[PDB]
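The data below hold one chain only, encoded as structure tokens and taken in the form deposited without N-methyl-1H-indole-7-carboxamide (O2A).
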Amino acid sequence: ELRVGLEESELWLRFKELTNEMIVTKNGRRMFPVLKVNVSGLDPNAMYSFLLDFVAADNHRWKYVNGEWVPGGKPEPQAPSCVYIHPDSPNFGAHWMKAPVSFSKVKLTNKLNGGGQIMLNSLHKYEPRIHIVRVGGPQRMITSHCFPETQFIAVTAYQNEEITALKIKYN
């Protein structure tokens, strides 16, 4: 059985208990914490691409009102985010299993852009999700996995100073 684990869940959970926030910029901002995934049970000899996307966790716009995040009352459907390909892709199972797969190079933006960067809607809540895609073989296969511990709200600047403090303390 293919196993997918979050690395450093300890720390992600401290961010989640405060409501996590991730900065988006026109040019694209790298994430902290970085999503790092432990994977076992791949065929060491099979070929795989690791993909990262962001599900809109709800259909609402969120606002930081008197020190607390609160959803709006006017939900709109949220079209899916674009996919980020891990730059080690495509690669052997052995490659992916020798150390945590670290998405250190994904950039989050609020503006449609050349590419690389992934465009999110500011003040929406997102749940990171990976796809593990077996490629090159006869049988294509996809395994997907969400990471609720890594949920955040996309912001153009931090609202909760307790997040600001944690971001610096641990970087």
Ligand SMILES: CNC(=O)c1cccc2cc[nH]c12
Contents of the next structure:
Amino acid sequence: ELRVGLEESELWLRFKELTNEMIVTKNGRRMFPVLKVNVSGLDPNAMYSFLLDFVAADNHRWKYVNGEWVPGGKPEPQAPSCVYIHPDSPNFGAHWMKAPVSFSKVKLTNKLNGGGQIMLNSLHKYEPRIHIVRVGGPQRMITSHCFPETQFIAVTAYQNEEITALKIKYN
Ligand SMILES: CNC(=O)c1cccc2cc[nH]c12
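Can you now output the form deposited with N-methyl-1H-indole-7-carboxamide (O2A) bound? The one shown was the form deposited without N-methyl-1H-indole-7-carboxamide (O2A).
Every component of the complex follows; first up is the chain already shown.
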């Protein structure tokens, strides 16, 4: 089997416990913490592209009320984010397996934007997800992995100061 783990899941779990928030901006704000993925069971000599995207974990708009997050009362079906291609893509099994795969450069925006940046729906909750796409071979293949530990709400500003505190402590 191809095996796909989360690096620094303990760091991530400290945020999940509080309800994680990622800042989103006109031009795009990078993520903290950064999604880092351990990957074994690739073909060292095969070709893979690493895709990242962001599934609306539910169909609700969220709001900060009496110091806690709660869902609105009007679900819209959510489209998944556009895909961000890891820049080491495409690359050999052995590249992706030799060190953790960092998506340190992904930028999250809330605006109708040019390129690079991934536009998210403000105040919706997102599950990060990666697609390992085997390329070059005669048969294209996809393996997808979601990361519950890395769930967050897209915010223009931090609401829970406890999150802000953690973001500065571990940055
Ligand atoms: C119903 N609308 C949407 O699903 C939507 C809106 C704005 C940004 C994103 C990113 C992914 N989906 C989005």
